[PDB]
Each structure stands twice: as structure tokens, then as C-alpha cells.
Amino acid sequence: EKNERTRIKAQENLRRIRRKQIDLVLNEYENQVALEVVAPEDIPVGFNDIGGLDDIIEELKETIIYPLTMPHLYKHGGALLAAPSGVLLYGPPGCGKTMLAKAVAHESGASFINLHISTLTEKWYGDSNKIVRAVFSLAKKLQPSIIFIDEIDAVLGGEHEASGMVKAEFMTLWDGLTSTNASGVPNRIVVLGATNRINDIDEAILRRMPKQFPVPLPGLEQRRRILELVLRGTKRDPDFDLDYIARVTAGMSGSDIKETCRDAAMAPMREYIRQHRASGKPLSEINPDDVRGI
Amino acid sequence: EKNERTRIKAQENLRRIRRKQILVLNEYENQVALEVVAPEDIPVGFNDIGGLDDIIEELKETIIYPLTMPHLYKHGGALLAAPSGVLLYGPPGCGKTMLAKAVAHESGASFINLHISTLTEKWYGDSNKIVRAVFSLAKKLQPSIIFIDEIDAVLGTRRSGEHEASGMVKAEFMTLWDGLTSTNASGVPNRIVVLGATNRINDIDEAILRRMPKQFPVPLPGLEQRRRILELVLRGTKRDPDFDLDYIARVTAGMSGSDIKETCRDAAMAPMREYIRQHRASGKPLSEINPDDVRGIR
Amino acid sequence: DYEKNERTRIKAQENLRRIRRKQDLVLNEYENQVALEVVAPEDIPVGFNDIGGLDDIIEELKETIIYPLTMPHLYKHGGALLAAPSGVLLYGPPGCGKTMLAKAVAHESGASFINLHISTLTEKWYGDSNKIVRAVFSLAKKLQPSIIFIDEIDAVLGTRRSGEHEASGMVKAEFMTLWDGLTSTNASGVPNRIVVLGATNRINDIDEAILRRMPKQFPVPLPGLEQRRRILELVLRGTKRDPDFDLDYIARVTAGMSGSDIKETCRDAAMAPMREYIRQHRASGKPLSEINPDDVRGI
Amino acid sequence: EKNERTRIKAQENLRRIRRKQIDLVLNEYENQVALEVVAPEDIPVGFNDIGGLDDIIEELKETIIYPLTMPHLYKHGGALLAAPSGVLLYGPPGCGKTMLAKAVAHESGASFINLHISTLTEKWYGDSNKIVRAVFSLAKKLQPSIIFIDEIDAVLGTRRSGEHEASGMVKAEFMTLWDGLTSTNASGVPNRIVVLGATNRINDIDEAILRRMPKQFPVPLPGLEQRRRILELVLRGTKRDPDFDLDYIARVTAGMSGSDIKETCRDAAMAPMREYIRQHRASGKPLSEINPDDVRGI
Amino acid sequence: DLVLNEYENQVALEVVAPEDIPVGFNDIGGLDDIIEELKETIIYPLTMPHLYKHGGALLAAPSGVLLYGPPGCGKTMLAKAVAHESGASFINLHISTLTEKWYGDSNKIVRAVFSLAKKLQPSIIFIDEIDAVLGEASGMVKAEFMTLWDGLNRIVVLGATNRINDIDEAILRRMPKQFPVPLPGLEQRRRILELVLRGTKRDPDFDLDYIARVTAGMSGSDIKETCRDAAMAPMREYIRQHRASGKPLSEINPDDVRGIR
Ligand SMILES: Nc1ncnc2c1ncn2[C@@H]1O[C@H](COP(=O)(O)OP(=O)(O)O)[C@@H](O)[C@H]1O
Ligand SMILES: Nc1ncnc2c1ncn2[C@@H]1O[C@H](COP(=O)(O)OP(=O)(O)O)[C@@H](O)[C@H]1O
Ligand SMILES: Nc1ncnc2c1ncn2[C@@H]1O[C@H](COP(=O)(O)OP(=O)(O)O)[C@@H](O)[C@H]1O
Ligand SMILES: Nc1ncnc2c1ncn2[C@@H]1O[C@H](COP(=O)(O)OP(=O)(O)O)[C@@H](O)[C@H]1O
Ligand code: BEF
Ligand code: BEF
Ligand code: BEF
Ligand SMILES: [Mg+2]
Ligand SMILES: [Mg+2]
Ligand SMILES: [Mg+2]
Ligand SMILES: [Mg+2]
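Residue numbers (the entry's author numbering), protein chains in the order written: chain B, 44 to 65, 86 to 220, 225 to 361; chain C, 44 to 65, 87 to 362; chain D, 42 to 64, 86 to 361; chain E, 44 to 65, 86 to 361; chain F, 86 to 220, 228 to 244, 254 to 362.
Hints were generated in silico from the structure; no laboratory data involved. Treat each hint with caution, since some may be false.
[Stated by the list, open to error] Here are the computed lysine-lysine pairs in the DSSO-like style, where the Cα-Cα straight-line distance is at most 30 Å:
hint: 1; chain 1: D; residue 1: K325; chain 2: E; residue 2: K138
hint: 2; chain 1: F; residue 1: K160; chain 2: F; residue 2: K325
hint: 3; chain 1: E; residue 1: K45; chain 2: D; residue 2: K52
hint: 4; chain 1: C; residue 1: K204; chain 2: B; residue 2: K348
[Claimed, not checked] Anything over 12 Å on all C-beta distances counts as not near chain C; from chain B, calculated:
hint: 5; residue: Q64
hint: 6; residue: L144
hint: 7; residue: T161
hint: 8; residue: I180
hint: 9; residue: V233
hint: 10; residue: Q279
hint: 11; residue: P349
[To be verified] A partial selection of chain F residues facing chain E, derived with a Cβ cut-off under 7 Å:
hint: 12; residue: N192
hint: 13; residue: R196
hint: 14; residue: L244
hint: 15; residue: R274
Positions of the beta carbon are idealized from the N, C-alpha and C atoms, including for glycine.
Generate the whole structure from the sequences, applying the supplied hints.
Shown next as C-alpha cells:
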């Protein structure tokens, strides 16, 4: 149990060093949560690779990344002009909120850690609750921390009191004897969330998360943005009426437009592979081209 | 407890030594490593499924080719990756699981047959661990394919009335399958396809359906696909000449693939029963090629 | 939480040893209970020569389920199309020989009949029901020429309501998957040599996906005229010879009675003479039975 | 947890010790069902306390008890002269069909277990089936036993399509354990377990349960003679005054069941003591006295 | 107050002792026939049972008495007095504590309360607004209640309702006594108000009919709520006089003007 735990702490040390450098001493519980620490260059997308979400993205910048990173500029404004202690991203599925979380992890650059539901659930008794202490202590040590819970229904409200204990301790250490620091700082740990079913999250997270951003479907020209964005590496040279494709996708979500673009791009490559499958070695270097075929 | 996990680990190590030929695993990746199946096991291939041929070319040119052997599809960037998943749906007995067996056999993509029994663990917080192990083993066996048959049971429309472990399984699955680290640092995301099959897509968790771009309907066989189902089912069954396959294909209209299989079974079982009833007046030695079907029975 | 496992494993090993010596394995914790469901042929005191009435269903079960399943060497020339049918569903009104057909199949087949009860499938903890449904087929495959029996299968394999329950729905899906899924055949193509016999009196409640997997569906009807007289003979084999009994009359007086109703009427008609003897014998000291009574009328 | 199970085990063991002689290893559900095996001396009623109806009270004693207990007289007939599979009492409320089952419990000495509706319905998935198996296995460990379900139409019932499916899945366990595969012995003798059930309605009981309760005795409203006998049995403690009679009371009350006559006689008996205490408030200290009248009180 | 399982513990939060109950018939009024009959038919068969030991189990306490009970103060409050004077160890039961969120939970509660009452040999089960018994899981709890009633003993079940016809036919069989508790429609309400005015007395006592005839159709709880505030109505003026006369001082001088409407 110690040798495997030693491998755990070694991998944690490597990951935390690669995060910090862009040292720390951790107990064996937060050497297991620090494995779920997302390095900055591990994300392929920034705020420029997202389309349609611009007012929400400026909200997340001006209220969640500036109040949480470089807070000295906000000493003039006082205390109310600061970052909340929790933000939520709700809306339909596929609309692009996990992508917002990914862009926040990449561009914000302040100790992002994504909590999976498995790291909160432990078979043994009690130690499934010390991991929440480890999460918050790690977020307090990695000072500009952004805790993230994707599909946030593990802290949703069989009860399984041990799981109830984990949820209650998460609520308590959310805003308890540590969320009101005498140093005039909340420690800058914004527990970002996300969920496509906003109703079932019962009451507590709805009061603990002041900012709640609805990621709608792209209405009438944000789908044009997502089309111009997904089709960034495909040769659409001869005749590709992008406005028609933006107008035909009536109520498709971002993932739906993305998969439609995937099919439309597979179309020329498919109809090329299906035609030159006779010379033996298929290469298919730059020969095909995109026209239509959504 | 170690006396059981050591035997388990030995078993999965032997299974993967059989499969991977032409790797460290934790206590959970092992328990899912018993699900990895080799193409030698499944006997069915794409050349054995009659009728639904339009779905075969779609799986080949849009799932298996983009997933296995991706060097062709590299010029188009991450847009030309394989789909996140596939959902084969239709009435029962039309070829969903048979397509699954063909994908297991005729792909060469480290097929992983995930049972509902293994996702659902008794101890607390082990179902989430089993899902994380499923997606960590599908990532180790890189161009892999996770197959959840009857996927509308494990997944499915979430509600307030459901076991607290099931909601965690669903959320953990969605997180691993279209989450933060579902794309590599270079941008090429995780050549892992979740192939599911169901006969009820209106109970399959639309948030999950968003993850499955390719949703193929396996329709009920028609007059032209039934004459291929009958051909495939009747391989070894030697036909008595004057056997009219067209009449049997036209009389079995409202039947599925399995119903046509069972009809052909009960039609080829007839001459053997005649053979048995005639040899009732003597001993029962080994069989022979004497009994031919008296006619095309239906 | 450990002695129960040792008790159940020793019991299942003893049971399997009994079935084997009627003519070992390493069973895990979950199929170690299903090994208790395995019944021996010497337990079931019923044979196909003991059922009455239905005779073209007995012929069907013998010819196209029992012979393909056990003793398959006669069918190794037709291929996988001559394998045993994956599923037989005996359906019909209550009390007309469904469970008796299952009992005769358990006794006469000699194919490792396993009487699966609805309790062993329904476990308390999360995932144990799925583990039991997997262990059923695992044990049936360890004992290849095997039959799985689920009496009153409609209450266990219902039509999959949209919000019925998760444990029941997962058990249904697990049973469907292990019935004929990815790993249901062999590496060569033999369909696993397992037949799950089900008995129900509500046919249109099983759900369509499951009736697909039981391709042979036998309606067990009510006894007609010649079936009622055969049921009467088979029931009255035990009673006295007769004191001028009339059986053709009783064969038609039982207008729409099922098999169990005919058996109960015969029970009452046989109890009547012993009651007469008890009444006439109370005047004496002790009962001390003999063979005085008769059998004439029961109505 | 473990302490609760051990306490239930100790209670069931003590109840078995008190029931056996006017030791058995058994699982937890049989521990819970063992808390219902009742001693015959725990009940005050007998076959002579049951006024009115006498044909039913003879049919039970002579075709359900003598076949069930004392089987050495019915041995020659074989499995066809065994005890009936089950017994059903039906009739309007208060006509003495639970008191009749109570007398069957007392005056039979046949391991009478009284199964409550709560013992069957459990909170966890798959515990009602465990307890049904427990009751049908404990009745077999107590071979000449009786299983009384009171208000059988509540526990059982015509299983609708859209039923609870946790009370309908237990409703099939009763049928499976009742008359199923292993519901006899290798020698061919039945299981000699008789299940007695009382109900106000038989058309709602079931269609598949009523065929295995072949003995069905209706407990009708008392006529003139039955009502007179019920009156003569209810008035055993009360002291008659030489003035009144019983015929006019037996004739006035017509639609009253057994329990309605019981409550009427209770009022008629409380009337004299009522008057005595009402004329005795400032009459010394009421401690004891015998001066009733039992005059005609409607 | 002894050993008991978790369900008897769940039901123990509603059980109360006799002495802890408020005043009995001395606390209420407005009826004499109903109180007299119920008293001499229940409290006597419970208090001093030695006087009935020669009866022979026939002239014992009734097994349950229903109440027609046009709604006033829960449509009845006689159960409190019956448990208080008889020392009956009043165990209460509500529909809220009778519903179920787990399968087979209401039946467990019913068996616990009846099992519970038996440890407490003298006991008064009380079904306020008894319609959860009559009448698809409620049928099972109905059958359970019927079976625990006499399905196989100094216990009484007080059933308050509002419609005799709505009760099941197998329930009126078990509740023989049908004590009607209608609204007070006579002049006796003044005595009601008398009791309702035994808390505090106004400046003089105004016209008794002036306060009586106004509540000619009001319920008993209606009278109790009117007089609990009408007499307090001018007292609010006295508190306002405290506020206007310097600061509020602890005084004991009542000053009524008119307690009506
Ligand atoms: N606003 C958007 N612009 C561009 N692509 C988007 C957008 N929203 C979603 N997508 C596409 O959806 C895929 C993942 O969607 P995701 O953010 O996981 O949806 P959700 O927010 O429901 O989790 C990405 O590959 C991305 O291409
Ligand atoms: N297109 C098909 N071609 C040949 N056989 C088929 C086809 N569809 C179904 N079958 C028959 O059905 C049986 C299994 O049915 P399956 O494909 O598993 O149904 P489902 O797709 O509903 O799971 C196989 O034995 C096969 O013989
Ligand atoms: N075909 C039959 N021949 C003889 N007896 C029968 C037949 N069908 C039903 N029975 C009688 O029914 C009783 C058991 O019925 P069972 O087979 O359990 O009914 P079901 O098939 O509805 O479960 C037996 O005692 C038997 O005497
Ligand atoms: N024939 C009878 N003789 C004497 N008492 C009777 C008779 N029938 C009913 N009773 C009375 O009714 C009570 C039993 O009611 P019961 O008839 O068992 O209810 P149900 O019929 O609804 O089960 C007994 O306590 C007894 O006093
Ligand atoms: F993350 Be997505 F909203 F399912
Ligand atoms: F697998 Be099939 F749809 F029943
Ligand atoms: F009750 Be039988 F099994 F139809
Ligand atoms: Mg997401
Ligand atoms: Mg399938
Ligand atoms: Mg049966
Ligand atoms: Mg009763």
C-alpha cells in the first residue's frame, strides 16, 4: 500500500512541478488530488478557438480571470469588485460550456484542477471525505486555484450518508472558517462548475454559485462563427456558401454543427479513397477538395 | 483480498498477451481488461451480414478507417478524426449485435466488450473507478472501440429517482468521453470509439446521444434484404432442387433477421427429424448426407 | 461477512458433486449461489410419460429442443443452423402443465437443469443482480448442455418501462446481452449449447426483445375432450381399481376445467370414500387404516 | 447492524424453543419469518368457539387438517390424497373467517405461521422475494405447517400490467414456490404445506392464485340458527336475568354479521354495569360487587 | 421508554405520556351526552378494570370509536381528554408520519405502532381525519391496519373524520361506536366562550348574547381564535398606550373596548 502510494506521490510530484514551473509538501491525500491538476499546455484550445460565446467569454474574463489573477489592480475598487467564490456554466448539451472550461484552463493560467467524480468517491470509510480537505488545501496552496467539476451532479442534492458526508463537507469547506480570511482575500479559489441539467442541482449550489452563465444554442449568426471556426483546416475553395450552411442549421448545437462539418469534410476524402483504391499504396496528399455534401 | 486480485491480474495479463500480439494496470483497469476480446474469438464478419450494406460502408469509411490507419486522414487536421461514438438502433433481431461482432472481428482496433455487470460495482465509488479504468485502458490500447450493448440500460435519461452510483457512472462516463482531456495536447483527440447498440433510443440520455454523431438505424429487412438473409442463413443446408428461395423471401415479409434465422432453422430441422423418425425402427448410428430436405419448408 | 461465503460454497460444491455422481469447477462468489439452483434429475419425480393431454408439444420439446441441445453429434453436419433453439417459452392459462412440462424436461432431458428462482436474481446491493445474471450464464457455459429455467418469467423480464426501476432494467439488459451478444457464440460458431426455458401465463408482457430470444413459443392450452380423459387416467392411477367407475362421463362433465382443476376434483372424489370410512370407523377405538373404501362419484 | 441480526436470531431461537415442544440453523430471512410462527396456546379460540357455521368447520377438520396432520391414514392413496395445496376463506367482514383461521391455528397443532403484509414488503431491492422464499422454506423445515395470509387480496392481487413491479415480482415468487419445479419430493409426495388465506373479495384475489387455492369456503352472513348460536356463544360470561329470552334478540338482528352481534352484546353487557356505576358515584368506594341485571338492552 | 426497534423509535416521536397531555374534559366543554357516554364506555373499561374482570372479556373496552366531527379544532380534541383522564398513554398518528418514501414502509410503521401500543398496554391510537385507512399502496396499508386491528387487549383507536359514508365497509365493522361531534349550535357556546373566556376577563362582561349569536355557525376553533384575539384586541391598544406613554413598562391593567369580529 505504501509502495503504490509512493508511486502515486512521485507522479503527483512530477505533475505538480510541471504545473508550477509553467518543492511543495503534500499529505498522501492531496498527492492523489494533485494528479488531477491540468497543465496549461495540455489544452489545445484558447479563447480564440471558440465562436458565438463572446459576451459570456468577456464576462468570464472581466469577472473570473482578472479578479482571480492580478488582484492588486482591484484594490482601488474595494472588496465587492472582486471574484466570486464559485461560477456555474449551465445550458443545453453540446452548446460549448466544457469548451469554455477548457479555454479557461488554458488561457487563464492559474492552477486549474478538474475534479472527477471518482476522486471524490472512495471505497474505504472516511477517506472519501479527507479527499475534499485535500482538494481545498491543494487549491489553497496553489493560490490562484480554479476548482472545476464537470457535469456537476456528484455534489448534487440512495443518499448513502458517506456520500452525504462528502457533499456536506464540500458545502462546509466551501464557505466556512476558511472562506472569510482575516487577510482580506478569499484565497482566490473559484470552484467553476458546469451542468446541462440545471434543475436538479437542488438549492445549496444555487446560492453558493453567484454567477451562472447560460450557454445558449448559437442563434442565427453564431452558427456562422462556429462554421468559419471548425472549417479552419479544410480546403473549401471552389464554391462553399457558408451563409447557406449557417442558415440551414436551424437548431443544431455546437457539437452538432461540428459533426456535420466532420461529415462534409469526410465526403471528399471518402469519395477520393473510394476511387483511387486500385494503385496499391494509398497516399492522398492534397488531391481532393471540398465543395458541398453536408 | 490480495489472493483474489493476483489471480485476476494474472488472468487479464494472459488475456492481453493473447490479444496484443501480432503494460502496467491498476486494480480497476485489470477488472475491465477481462473485457478486451480478440478477433479470433468472434466468428462473424462484414461478409456475413446480409441486408444492411449501406451501414457497412458507413462504418468502414467513417468509423473504422478514420479510427484505425489515420495517416490518410492527417491532412485535414483534427476535424477528420473518427467520431466520438456510434449508436446502432432498431427493432430487435435486425443486426445490431451482429454489426458489433463484425466490428470486433473485421477491424483490428482492440475491441473492448463492456458488460453492464462490470460497470456496476457493489462497493461505493468503484463504478466511477471502473469507468475511469475503461477510458484509461481504451487509451492504452490506443485505437480502441468500447462496445456497450443494450446501452439504454446503463446510460439513459437521468432523473431524480435513481441510485446515487448510477448518476455518478453516467456523469463520469460523459466526463471521460467528451471532457477536458478528451483531446491530446497536439489536438488529435483520443482514438477511442464508443459503439453502442439499442432498440430504444428515446430512453438513451440525449446528453449521451450528443456524444454519438453516427447514429445508424438498423431497419426491419425488406423484400430485397430478406433474399440475402435467407442466402446467408442457408449456407450448409443443402437445397432440394425445386427449392424456391424467392417464394420464401416473399412470404417472410414482416420478419426480422432473427425471425428469418429461426424460420430457416425450423425448415432445415424438418428433414433431419424425418431421418430420425425413419431410423426409429433401428439403431441410432452416426449421421450421413442421406437426409435431404423434402422441400422448402416455411 | 465471510462465513456466509464458506457455507454457500460448500453447499454448492456438494450440490455439484451430487449432480456429477448422478452420472471439478472453480466457481466465483456469484455463480457459487446459482450452483445451489442446480437441480438433479433424481429430485423431479415426473416424466414425459407422466404428463397427459398435450402430446404434440412433448414431441416438439423432444425432437427440436432436447435432442439438439443434448446429444448434438447427430446434428454436426447441418452446421450452426441445426443447433438447439436459444429459447423456449411455455405459455397459456394457469394450471395446464407449463411447470409440469418444465419438470418433465428437468427429469428426462439429462441436460443439467438449473431452476432459477426470482430471488437469486434480485440481490440487495448495487450490481449484485447483474453479477448473478452473468453468473447464471457463466455456470450454464461451464456445464454446457444446460437448461436455465425461469418460471413466471413475465415478472422478471417485463416490457422495460421508461421509468420502471434501474436494477430491474439493468438485469433485463444484462440477461439480453448474455443471451446472444458479442460473446454468446463460440470461436468456431456453435451457439453456446444453452437453452433458457421460461414458463408464463401472461405472454404479452415479456417484452418484444425477449420474445425474439425465445424463438420457440409453445401455447399450453386447456384440455379438450380426449385430453381431459387422459389427465383423469393419469391422476387416478393411484386410487383403487374401481367399483364400477365411469370415466367417460367425468371426461365431459369437466367442461372447461384446467389440469389442476381436474386433479383437484379427483382429489375430492378420492377423499370422499376415506371420509366415509373415517365416519363409519369413529365408532371403533383407533383409526388403523386398511383397504375398505371404494370410488364411485365425485361432483 | 450485526447486533440487530443477532438479536433477531436470539428472538427467533427462543420462539422456536417455545413453539417446538408445545436448534434449527437458518438464514436471516428465515430469522425474520421465525418471528411469526405462533404457539397454538397463544390463542384462546377453538373449533367450538366458532358458532354458527359448521359445514366449513367440518370440511377444514376433515379434508385440510386430517390430510395435513395425521397423514398415516391417507398414505395408501398416494400423492392424490395429500393435503390440498391451499385454502381460501371469503365472505363479508365480521362473519368469522379470521377467527375460523384462528381456531385452525389453535386446534390443529400444525406449525401455524401468520404472515403479515409488512413481513413481505421490504425496503431494499430483492428482499420481498428473499422473505417469500424464507417463508416457503421455513414451512418446509416445519413440514406439517400452515401459512396464513390475512387479506390475501392485499399482498396478492390481480397483477395489473402497470403494477409496482416490486410487489408484482414478489407475487410471482409465491406462485413459483407454491406449485413449481421443486414443490414436491423425489419420492413424489407433495410438500404438505397448506396456505390459508382470508379475503372479502375473491374476484380481486387473482386468476392464477385462485387455481391453487382449490378449497374455497364462503363465510356467509349468519341466518337465524347461526345467529342464535353466535348469540349463545357471545353471552357466556354475562349472567342472564330470568325474565328475558334469546329468540327475539336472534330474530330482530338480521343483517348484522358476527362482529356486529359481538358489539351489540358488548353494549348489552356494559349496560348493567353502566347503571350500577352510574348509581354509585356517592355510594362508598367502588371496588367490587356482583349485582347485574342483563335486562333487555337493544 | 424501553427496548424497541428502529420503527418503534420512529413512532416513539409521536407517542406521548398521559400526564404530559394538557387538561382533559376540564379543559373542554359544550357537550354532556357525548362526554358522558364516551367516558362511561371507555375510561371505566380502562381505569379500574378489576370491576370488569368478572365480565369475561365481553364487557371490555371498545376496540375503536369513530367521530363524525364537522371540522372544529381538528374536528375533535376529545382524544387528549380520554388519554389524560384514563392514563391511556396517548400515541398519536398523522398522515404525514404515515406516508412512505420506501417500499413497504407504511406497513412497517403500522406494525410498529400496534406493536408499540402493546408494550404500552393501555393506549389510544388516534387517526386524525381518518381517510388514509379507507379506499395503489394505500390498499396494502388498509389491509395491514385491518389485520393488526383484530387479525389474530386494552387498546382504543379514536377515528376523526368528516364523512361516515367515505369510510370503508370493513372499517365501520371494526369501529362500532359512532359518536357524532357536531358544531355547537345551541346557546351552550356561551359556556364554550365561558371556558374560552376563563383566561382573561374584560372590563365588564358585555352582552353574552352579543358575543354568542355572532358565532352561531362558527366552529369551536373559530370561537377559540376569535376570543384569543378579540380579548387581546384592546390589549393591543394598551400596548400602544405603553409605547405612547414614555416607554413600555410591565403593567397588568387590562382595558377592553369591544372584542368582536
Ligand atoms: N461555441 C463553439 N464554437 C466552436 N465549437 C464548439 C462550440 N461549442 C461546442 N463546440 C464543439 O463541441 C465540441 C465539444 O463540445 P463541449 O464544449 O464538450 O459541449 P458542452 O459544453 O455541452 O460540454 C468541441 O469539439 C467543439 O468543436
Ligand atoms: N443482417 C443480417 N444478416 C444475417 N443474419 C442476421 C442479420 N440480422 C440478424 N441476423 C440473425 O440474428 C441473429 C442475432 O441477431 P442480432 O443481430 O443480435 O439482433 P439485434 O441486432 O437486435 O441484436 C444472428 O444469429 C443472425 O443469424
Ligand atoms: N397435461 C397434464 N397432464 C397431467 N396433469 C396435468 C397436466 N396439466 C396440468 N396438470 C395438473 O396440474 C398440476 C400442476 O400444474 P402446473 O403444471 O404447475 O400448472 P402450470 O403449468 O400452469 O404451472 C399437476 O398436479 C397436474 O396434475
Ligand atoms: N360465528 C361467530 N361466532 C362468534 N364470534 C364471531 C363469529 N363471527 C365473528 N365473530 C366475532 O368477530 C371477530 C372476528 O372477526 P372476523 O370475522 O375474523 O373478521 P374478518 O371476517 O373480517 O376477518 C371475533 O373477535 C368474534 O368476536
Ligand atoms: F458537456 Be456537455 F454539456 F454534455
Ligand atoms: F440485440 Be437485439 F436488439 F435484441
Ligand atoms: F400457475 Be401455473 F405455473 F401457470
Ligand atoms: Mg462536457
Ligand atoms: Mg444487440
Ligand atoms: Mg408454475
Ligand atoms: Mg379479519
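A quick look at each hint next to the structure:
no.	hint	in the structure
1	D/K325 with E/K138	holds (18 Å)
2	F/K160 with F/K325	holds (13 Å)
3	E/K45 with D/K52	holds (23 Å)
4	C/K204 with B/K348	holds (28 Å)
5	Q64	holds (16 Å)
6	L144	holds (30 Å)
7	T161	violated (6 Å)
8	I180	violated (5 Å)
9	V233	violated (9 Å)
10	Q279	holds (19 Å)
11	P349	violated (6 Å)
12	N192	holds (4 Å)
13	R196	holds (5 Å)
14	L244	holds (5 Å)
15	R274	holds (5 Å)
When held up to the earlier numbered hints, the structure conflicts with 7, 8, 9, 11 and fits the remainder.
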